[PDB]
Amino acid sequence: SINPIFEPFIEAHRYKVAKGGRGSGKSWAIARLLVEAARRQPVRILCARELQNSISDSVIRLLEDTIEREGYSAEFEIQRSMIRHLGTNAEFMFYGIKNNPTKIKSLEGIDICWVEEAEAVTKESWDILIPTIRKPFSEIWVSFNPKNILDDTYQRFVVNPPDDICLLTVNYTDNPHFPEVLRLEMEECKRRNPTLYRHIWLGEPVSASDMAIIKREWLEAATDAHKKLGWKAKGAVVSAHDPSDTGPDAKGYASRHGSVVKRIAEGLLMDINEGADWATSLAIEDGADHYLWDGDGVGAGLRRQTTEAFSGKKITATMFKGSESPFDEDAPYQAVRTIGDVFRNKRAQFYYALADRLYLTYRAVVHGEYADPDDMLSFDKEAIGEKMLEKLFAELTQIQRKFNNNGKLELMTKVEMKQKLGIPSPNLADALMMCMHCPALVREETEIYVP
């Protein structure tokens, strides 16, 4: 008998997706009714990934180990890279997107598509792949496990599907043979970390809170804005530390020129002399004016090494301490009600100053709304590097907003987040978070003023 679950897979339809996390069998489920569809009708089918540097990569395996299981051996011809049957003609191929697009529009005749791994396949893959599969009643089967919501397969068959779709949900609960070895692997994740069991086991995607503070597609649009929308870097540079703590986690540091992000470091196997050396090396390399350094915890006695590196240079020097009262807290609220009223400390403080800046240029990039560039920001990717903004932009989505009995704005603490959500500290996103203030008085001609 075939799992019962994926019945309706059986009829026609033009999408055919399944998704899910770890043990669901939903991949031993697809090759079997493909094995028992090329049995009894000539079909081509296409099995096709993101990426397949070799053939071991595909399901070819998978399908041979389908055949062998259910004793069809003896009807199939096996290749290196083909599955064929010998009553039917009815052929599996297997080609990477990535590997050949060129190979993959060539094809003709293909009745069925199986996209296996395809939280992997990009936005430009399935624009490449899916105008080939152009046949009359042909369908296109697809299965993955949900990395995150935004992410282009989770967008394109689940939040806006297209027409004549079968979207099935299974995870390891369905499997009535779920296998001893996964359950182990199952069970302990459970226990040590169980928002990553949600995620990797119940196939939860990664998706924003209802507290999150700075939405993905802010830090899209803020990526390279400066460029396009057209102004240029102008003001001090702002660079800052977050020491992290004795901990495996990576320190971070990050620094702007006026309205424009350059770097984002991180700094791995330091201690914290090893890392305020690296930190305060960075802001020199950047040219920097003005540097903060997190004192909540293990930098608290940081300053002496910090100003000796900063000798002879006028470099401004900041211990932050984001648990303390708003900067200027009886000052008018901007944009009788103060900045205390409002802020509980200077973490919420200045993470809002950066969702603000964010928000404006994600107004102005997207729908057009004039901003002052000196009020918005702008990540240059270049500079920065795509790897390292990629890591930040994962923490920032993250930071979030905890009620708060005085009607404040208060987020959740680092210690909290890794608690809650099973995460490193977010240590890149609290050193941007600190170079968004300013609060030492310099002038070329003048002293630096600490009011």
Contents of the next structure:
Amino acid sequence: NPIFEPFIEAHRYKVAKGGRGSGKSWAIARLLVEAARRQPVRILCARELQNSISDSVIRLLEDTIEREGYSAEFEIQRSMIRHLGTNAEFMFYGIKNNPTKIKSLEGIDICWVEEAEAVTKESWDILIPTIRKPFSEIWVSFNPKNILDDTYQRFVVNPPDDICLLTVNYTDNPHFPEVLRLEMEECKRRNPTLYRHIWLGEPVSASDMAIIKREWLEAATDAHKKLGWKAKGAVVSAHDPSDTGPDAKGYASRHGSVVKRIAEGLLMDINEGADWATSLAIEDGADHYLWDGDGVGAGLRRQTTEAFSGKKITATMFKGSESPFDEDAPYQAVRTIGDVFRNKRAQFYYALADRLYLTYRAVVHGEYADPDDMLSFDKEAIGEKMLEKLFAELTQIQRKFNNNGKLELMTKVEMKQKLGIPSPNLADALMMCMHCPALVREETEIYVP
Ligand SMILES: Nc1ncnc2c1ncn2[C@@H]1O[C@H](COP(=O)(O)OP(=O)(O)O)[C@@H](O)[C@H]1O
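Please could you give me the other form, the form deposited with adenosine-5'-diphosphate bound, since above is the form solved without adenosine-5'-diphosphate?
Complete assembly follows, chain above in first position.
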């Protein structure tokens, strides 16, 4: 397979990146087998996680060997392949599984890291210094996930010396099989964005129109712990009722500048969702509750206020399509709020982005900022799983062009259509949390000006 010829020459790093069905795995297994037939090489096949030997490439190597008719040249055991002439040897370990064993390995000439998109930073940091024999090589094959993932950073963005980087897709595969073609064509039609990621190997990256950067979010995680301040203020919760579609319902809650809960609501109708979200608000001790009223949520006001009966909890229907709040007020932090934002959705997503950016500059560049103007994610309270789902949605929120030079964002419907992603309801819920239109004191009425 001609494109791989540079892997035959000596290079410290040989990295093959591409999408599904590119032929990169078959090529590498073939080259490694042919090398083993000729040189007494010790070859480590490594991956992030190996729960059983069947997760490794040993079966692929056996098939290659059998395919080319080399069977009689080899010894084959459960977890090892050895060439009878050269004494070359394949071995197979997971990095996360037994790091200790990997560090102890000696005389390794070639390490193949397969499915390397899964390989974490700490894994590379364990693995790479163990491959220390002079002229030893590290071969890497992976299908890019995110541009910010360590593997993509390490070999594409900030690449080491002496790297042979090949980029391959199914069109570079002369024996691209029908079973994969059908699946590829089907995917190309149903979801073009997913197709380019899976089949053309394009990593997930930030649109140049995105408004919130991932590095801000990472800095913002536990920023209150990093910078040494406590949550102070009212509790605000918000609910995104989603649609009648499959998309999960959203809930977010914060205590002042510290977000404390992010939740998804699955397999609920509209009333179940409202009941779920209002119950969370009560459990979170909310002083203020908002929900998206622009769609299916427009009828939820009665159920919502009833759920709060007897409790001093403000209840506000958020309509993101409306003119911005206080639109005639001068813009801050002759130009009015109305000149700047098309609508409430943009207004409050930018309030969120601004808080996040300010926190990022505080954490990363030591620039002082009032905690009140920042936003921290309480990782422990929220849980890593929900936090990551939220972040994956926030990094996709994007600005679109506007013919009055106003700030405007792609709607949820537009995102779903163009990006092929589920509605970003966790992100919208958090956005609505940024808004506090209802004035209240323990000693007074609730006043909505
Ligand atoms: N040199 C080859 N000879 C015959 N078939 C091949 C060859 N290279 C790839 N293929 C076919 O293409 C398919 C995908 O190749 P593979 O290396 O698994 O791609 P990737 O690892 O990039 O997803 C294989 O399952 C095999 O059927």
